[PDB]
Amino acid sequence: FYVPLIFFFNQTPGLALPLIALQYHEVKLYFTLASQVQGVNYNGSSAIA
Amino acid sequence: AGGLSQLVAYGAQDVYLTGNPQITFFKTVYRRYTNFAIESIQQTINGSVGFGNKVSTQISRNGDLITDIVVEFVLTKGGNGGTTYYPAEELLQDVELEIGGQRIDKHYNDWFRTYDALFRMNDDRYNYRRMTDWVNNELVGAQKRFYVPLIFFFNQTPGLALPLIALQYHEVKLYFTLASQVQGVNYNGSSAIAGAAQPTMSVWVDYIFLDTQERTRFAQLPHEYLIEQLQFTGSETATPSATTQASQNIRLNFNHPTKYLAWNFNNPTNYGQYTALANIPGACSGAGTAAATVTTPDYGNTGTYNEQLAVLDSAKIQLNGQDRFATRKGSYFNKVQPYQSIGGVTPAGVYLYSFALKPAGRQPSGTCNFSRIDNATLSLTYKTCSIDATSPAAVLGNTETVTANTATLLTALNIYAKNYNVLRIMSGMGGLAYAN
Amino acid sequence: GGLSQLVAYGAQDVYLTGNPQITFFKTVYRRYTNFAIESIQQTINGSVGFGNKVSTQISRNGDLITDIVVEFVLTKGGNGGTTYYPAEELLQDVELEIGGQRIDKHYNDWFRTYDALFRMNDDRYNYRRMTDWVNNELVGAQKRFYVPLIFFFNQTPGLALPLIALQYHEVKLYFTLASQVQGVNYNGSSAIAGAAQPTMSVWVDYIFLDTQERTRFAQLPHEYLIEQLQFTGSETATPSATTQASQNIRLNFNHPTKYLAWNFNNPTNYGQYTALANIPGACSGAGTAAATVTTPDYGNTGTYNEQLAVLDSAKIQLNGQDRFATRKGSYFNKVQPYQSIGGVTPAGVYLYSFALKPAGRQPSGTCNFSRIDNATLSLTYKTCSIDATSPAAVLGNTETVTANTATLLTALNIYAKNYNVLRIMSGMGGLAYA
Amino acid sequence: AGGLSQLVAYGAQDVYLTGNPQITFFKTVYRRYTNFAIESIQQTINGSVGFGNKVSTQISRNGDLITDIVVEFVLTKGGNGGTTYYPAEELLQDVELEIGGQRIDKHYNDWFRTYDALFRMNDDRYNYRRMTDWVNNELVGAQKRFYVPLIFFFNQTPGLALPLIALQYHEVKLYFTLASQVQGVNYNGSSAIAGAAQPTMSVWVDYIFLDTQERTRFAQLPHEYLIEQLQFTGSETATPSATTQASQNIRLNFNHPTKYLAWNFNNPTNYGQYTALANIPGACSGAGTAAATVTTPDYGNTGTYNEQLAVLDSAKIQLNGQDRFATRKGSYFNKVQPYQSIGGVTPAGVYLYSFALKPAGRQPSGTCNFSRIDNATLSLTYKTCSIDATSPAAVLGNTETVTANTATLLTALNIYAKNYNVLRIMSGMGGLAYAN
Amino acid sequence: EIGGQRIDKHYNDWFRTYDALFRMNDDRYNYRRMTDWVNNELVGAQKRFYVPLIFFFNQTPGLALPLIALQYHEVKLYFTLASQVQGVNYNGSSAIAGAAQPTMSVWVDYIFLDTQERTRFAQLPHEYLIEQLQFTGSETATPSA
Amino acid sequence: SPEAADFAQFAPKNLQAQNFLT
Amino acid sequence: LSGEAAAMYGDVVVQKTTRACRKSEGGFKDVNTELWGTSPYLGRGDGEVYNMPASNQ
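Protein chains in written order, with the deposited numbering: chain bq, 147 to 195; chain bm, 2 to 437; chain bn, 3 to 436; chain bl, 2 to 437; chain bb, 99 to 243; chain ce, 135 to 156; chain bI, 58 to 114.
Simulated from the structure, these hints should not be mistaken for laboratory data.
Each residue gets a CB set at the ideal place from its N, CA and C atoms; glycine is no exception.
Any given hint could be a false lead.
Said to hold, decoys possible - Only part of the chain bl face toward chain bI is listed, based on derived beta-carbon distances under 10 Å:
(1) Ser-57
(2) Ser-61
(3) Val-173
(4) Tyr-208
(5) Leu-211
(6) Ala-220
(7) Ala-291
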C-alpha cells in the first residue's frame, strides 16, 4: 500500500520544501500507527489471531 | 677463514653491486610520525534489525579520520556441522557508502565472497572465515558473534582514511540491506527453520584521534584522494543442457579507469555456490554414500578447487569491437591471472582478468578506462554439461570441455569491475569528481 | 589487442598518467655496502640440563650480529601426539644483557604467543617443524631442534647489534632451561624414567663489513631504536559456576607501547590456552570411551574454537577512564590480528594494538605508560557451566558460557612491547631510558 | 575518555617517535605512471610436440617489453588418483632463454620443483600445483589443461621486463625440451602406459605496450638491466648402506655474484623424490597396509617434511682452502636457512644456504662472487642408511644420524647457483656484460 | 596477421555463407567439386580437397600483399581444424570408427616482379584499401506454436 | 683504526695498548 | 551547505561526465590508433630499405 502525504509541499512543485536553505534545522516526519486496523488486526472489536 | 674470505673476493662483477655504495642494510632510519590514537566506537543503527530488513548507520564524528568499519552480527545456528557457508556474508546482502547525499560505493554479499575467495589469502582467509562462519564442527543450538570487516576505499589502508573533520557539512552513512534467507540459520535450502532467532546487529567504527596541529591542517585545507570503486549489475547465464557449448555475448556497463574485471556464475537458490554439485567429496550433501543428493550442497564445503565443476570454457573481452586478447580458457582466468597479479589461490568458479600489474596494491599500476569504449563486451563459451553428477567415475574422469548436468543451476551471471575515481574534499563538503 | 586499451585515454586519466613520475618497466637498484654472513658457534657456560641455568658471552668474530638460533637435541619419551613445541617449552627464559644492563627478557610462553600472533601460515608451520615432532614420530625418535630468538636485532638487519661499536662492554645471553618439558622428561606431572638430558648449542650469525663502513661503525656514535618486552605474572579469576566474574588487573608498564597481548593458561600443560573438552583435538582420547577432559591432547593443545575460551569480554582503562567500549574476547582473538597483523591467532590468545602495523618495526602509534598513573585491564569471564564431556553441550551452546574445565586455567600472562633507544658511543652501550 | 587519553599521555621519550613529525600515515601519495596495456599473445612453436621432442619459438614482436611467460600443456593421465606428481613440470624438462645467438639462462625440470620447494610460501605454492598437477583425486582418463609459468629474471617483476623494442637486431628465442617419460601419463615408474596420448602445448607471452613518448625513449636510448642467471651441473653422491658414515668433497663450478646455493638429492627414476621411501603413512605406495612397498612412492605425496628420510647429515662450504662457516647439520639447511632468508617452509631433502639477506627479492642483498674465488667446494656428510624402510617402528623411532636403507637410491646431486649479471642493450643489440 | 597483428579472421560458416552469397552458378559447382564428394562416391573413397581463402588479397591481384614492402612483418595464417566433420570423423553425433587424420598442405602463390617496379615497391610507402570481417555468434529464440 | 672516537657524551672508557703498566 | 561553500558545490561535489558524447557526431572519434608491431625485428628485414639495388643484381 502506498499512502501519499498531502502537506503544503506534497502536491505541487510550487511550494517544494527547500532543504538546502534549512542548513540549521532538522526536518522530521512522525508516523503514529493505529493499535487496531479493521480486517487485518481486528474484525470489529475481535482480534484476528 | 669465515666471511672475511668472501669480502676479499671483490672484483669487476661487484662494480655494479657494491661499488660506490648508496645504502647500508644495517643502519635503518625510521621516520617520525604525527601522534594519533585508534579507538573502536559503536554507532546507533536506525531501523529494525531482522532478516530481510534494511537499516542505516550514521557515522557520528567521534574522531578526525575514519578507517576500518566492522559490521557485527550475532546468529543462532539451526542446523548441525557443515550446514552453513559464511552466514555473516550471506546476511548482509549489500552495503553502500553515502557522503553528503551522494553515493560513493556499494558492495554486495556475493562480491564480498568473491574478494575473500580471490584477494585474501591462507591464514588471513581462514581467520576471516573464523570471523564469518562456524568452522569447528559446531552443532545445532550454538550461537556466535560474527565480524564482517568492510573494505571500502578507506578501510584497507590508513593512507586513505575518510576525514570527517574535513566534512563539516557532509554526514557519512552506510545503508545495510539484510537477507530474508540465510542457509543453516533460517532455511535449509527452501525449507524454513522453525524458531530461528533474529540477529543482533551493531556497526563499529575505528576512529582516529589526531594531535592538534594536524587536526587544524585537515580541518581547513583541501584534499584529493584516489579511491577505489565497485561497479556491478547482475545478469543471467547461458549454461547449456547437452550436446552444445553455449555462446553468450554480454555487453558490459562500466565506466572510469579499471583495475580488473572479476566474475562468477552463481546458483541463486543458495549463497556462494560457484560450481556444479557432484557426488564427490565436498561437492554434495551425502557425498560418497547412497544418500547423496546432487541438488543440495555440503554447505560447509561449497567452495572447491576442481575446475571440472566450473562452467566457463573460454572467454575474451572486446573493446570498441576489437578483441582485447586472444581467447583464453577458464582455467587461465581461474588459476593464472590470480597467480600473476596477486599471488594467491582462486577457487573454482571465480574468475579474474586484470588490467593492472598489482591490483591488490594501492598505487595505480595500469588501467582500462571504459569511458572511452562505446561497446565493451565479454564473449563467453560454456562447457557442455554432459557429466552425470551422481557417478564419480564420470565426475572425476572426463575430458577438458565438459561439466556436470547439475551445472545448469548456476543461472546468475555476476560481473564486477574494480575501478578508481577521485574523491574531492574541501569547505566541509566532498564527492566524486567523475560521473557514471 | 592492447593498443585498443592504450588509446582509450580521457580526462579522468590525467590523475593516473599525466606527467609521470614513475616508469614501472625500468627499475633502479641500490648499490650496497659489501658484507658477508657467517654462522659461528658460541660456548655455553654452565651444565646443560632440565632446570639448569646456563649463559653464553658472544664472541666478537664479526662486526654486527643479527640472527641467534638456539638448538637442542631431544629424544621423545612418548609416542606420537605427546609433545607440544618441546624446544620452545625448554627455552624457558632468555634475556639479553649489554654491559650488566638487562635490555629485554622473553619467556617460553611469549614465544608461543608471538607465534600465535605474528608468524604467518607457512612460517609458523616451519617454526613448528623446528620445535616439535610433526610427522607422527614414535617413542625413541631423536630430533635436532632450533628455536630462533626474536630480540630487537634478531629479525631485521637494520637493527643489527654492533659489537664493533661496543669495544669495551660484553653482550651476554642468559638462559634458564625448563625443569619439565611435556613428552620429553615428563608426561603431565609424571616423570619419564630414563629421559635423556638435552644437548645444547647456541649459534650467532655474524656480519662482516667492508673497510669503510666498519671504520664508521667502530668510531662514530649510533642511535638504535629498539623494542623491549615488559612482563610480570598475574592470576586468573575463572568462575566456578552460575556467574561471570569481573577482574580488574593493575598494569605495571612504562614506556611507548606498541600493543598489549595476553593469554590464560594451565601452568602444568604448555600451550593450553583454552578449556579441554571431549571433542576432536580438545582433550586426550577425545571422541572415544577413553576420553578424559582433565588431560589435553598434548600434540594438539591449541585450537581455533573460542567456545572453549575463558575470556568473555575485556577493556583497557586509562587513569579511570575507559579507553574504548567493552569488546568481546572474539574481537581480541580474531579482529585485532586481522586489522593489525594479517594472520590467524588460535583461541585463548588475545591482542589489542595501539599501532597500525605492530608486526613491523617502523613506529606506527604508541601508548606511553610512563605518563599514565593507573592503567588497568578489565576482564569479564564466561560462566563455566558447560559439561566438557558431552559433545552435545560442548558444541551446542551460547556465547556467555564456557566449560567446567575452564577453571583449570590459572595463569594470566599480560605482555607489553615497547620502544626504547639504545645509545652506543665511546665503545659502550646502554638504554636512554632505564 | 577514549583515544584522547592516549594522546594527552605524552612524555619526554616520545620525541624519538612523534616529536617534529616527518610523515603522516593518513595521506597516501601515489606516483603517476606511464600509460601502458598488458596483452597475452600466443606464440608460434616450431617442431613436433611429444615426449622427448624439442621445440622452440621466436618471440612474436607485438608491444615493447614482455613480462611473464606461461607454457600451456593439455594432458590426460593413465594413472589413478595419487599416481601423479607435478607432471606438467616433469614434462617441461628444459627451458633456454636466448638473446641474439647467445644463451643467458637455462632452467631444468628439477629446478622448477626446487624453486617451488623454497620461494613460493603460501597459497601461491598451492595454486602453483593447481596449475601443474592433479589435486582433486582425479581418476584414470581425466584430462586437464596445465600452466607452467617461467621464472626467468624478467618474468616475476615488470621492472626487468625484456625490452623487445630495444632489441632491433638480436632475435629473442626460447627452446623447450620435453621429457621422454612423465609419471602417470606415459609411464608408471619405468613401465610404459599403453595408449598414452601425446601432449598438446602452447607458449603464451604477456606483452607490454607503451605510449608514443615512451616507445621513442625505449627504442633509442641504451639500457642496462640487472638480471639473474642460473648456473647448474648434475653430479653424484656415494650414499652408504650400513656401518658407514660417508663424506664427499663436491667440487663446485660456479662464477659471478651469487645470491645463494640450493641443493637436493634425487632418485632419477622418479621426478621430485628428495627423500627415502618408507612404510609410514604418505611416504610410499600402499603405506600402512600389507601391500605397502618402499620401492614405489605414493607419487601424489612424493614430497614430505620428515627429514629423517633425508640423507644429509652435515655440510659446510669451503672457499680457497678455508671454511666459509663451521659445519652444520643437514636440518639446518632444510629448516633454518630458509626461515631466516625466505620465511617459507622447505620440504625434506631440499637444502638452501644463502649469501643474501633476502634471496627471494630482486634487490641485491649480499653475494658471493665466485669469479674471485678459485676453489669452491661443498662438503657433504651422509647419514648411515641402515634403518629397515618397511618397519615403521624403526623408521619413526630412530636416532638423528641414521636413515632408511632405501635412501641409498638418492644418488644424483643437484646444486643450483643463482647469481647476478648485467644485460646491456646498445643500438639494437643486447647481451651479457660479464662472461665466464 | 601481419607481424603478429591480426587483420581478419574467417570461420567455416563464413566460408559457407560467402559461397552461398557471392559465387556464380558454374563457379559454385567447381567450388563444390574441390570441397565435397559430388559423384555418389562410396565409403572408403579418398580425395584431395582444395579450400581457397577469401581474405582481401585473395580477390584481386590489385590488393596483393607486398612481402617486399612488409619486410619487417612476417605474414602468418593460423588454421583451426574442426573435430566434428560430418561423414569423415563423425556421422551426426556418433563417432566414425577408423577415420583417418587429415593430411594438410598450404600452398602460396608468389608474385615475382622485375627490377624496375620491385625497386619502387620496396622504396615507396603504400596504402591498401582492404576488407575485413567482423563477427560474433548469437543464440536466437525460435518458437513452436 | 677501529677504536671509538674522541667526542662523545660517555666519558668513562679505558683506552688499551697505551698504558704505563706496572 | 551554506553561503560560499554552497556555491562551490557544483565544482567540488557534483560529478563531471567522461562519456561526454555518443558515437553520432563525435564522441569516440579519437580512439583510433595505428596497429603497429611496437617492436619489429629490424635484422633480416633491414635489407631492402638501404641496399635494395644489391637485391636486384
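Here is what the structure says about each hint:
1. Here the hint on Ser-57 of chain bl is broken, as its CB sits about 16 Å from the closest CB of chain bI, past 10 Å.
2. Below 10 Å, beta-carbon pairs count as interface contacts, and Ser-61 of chain bl has one with chain bI at about 9 Å; its hint therefore holds.
3. Taking 10 Å as the C-beta contact cut-off toward chain bI, the hint placing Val-173 of chain bl at the interface holds, the least distance being around 9 Å.
4. With 10 Å as the threshold, the beta carbon of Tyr-208 of chain bl comes within range of chain bI, its nearest partner Cβ sitting at about 8 Å, so the hint holds.
5. For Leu-211 of chain bl, the interface hint holds, since its Cβ comes within 10 Å of a Cβ in chain bI; the closest pair sits about 8 Å apart.
6. Hint status for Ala-220 of chain bl relative to chain bI: holds, with the closest Cβ pair at about 8 Å, below 10 Å.
7. Look at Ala-291 of chain bl: its Cβ only gets to about 63 Å from chain bI, farther than 10 Å, so that hint breaks.
Violation of the numbered hints given earlier is confined to hints 1, 7; the remaining hints are satisfied by the structure.
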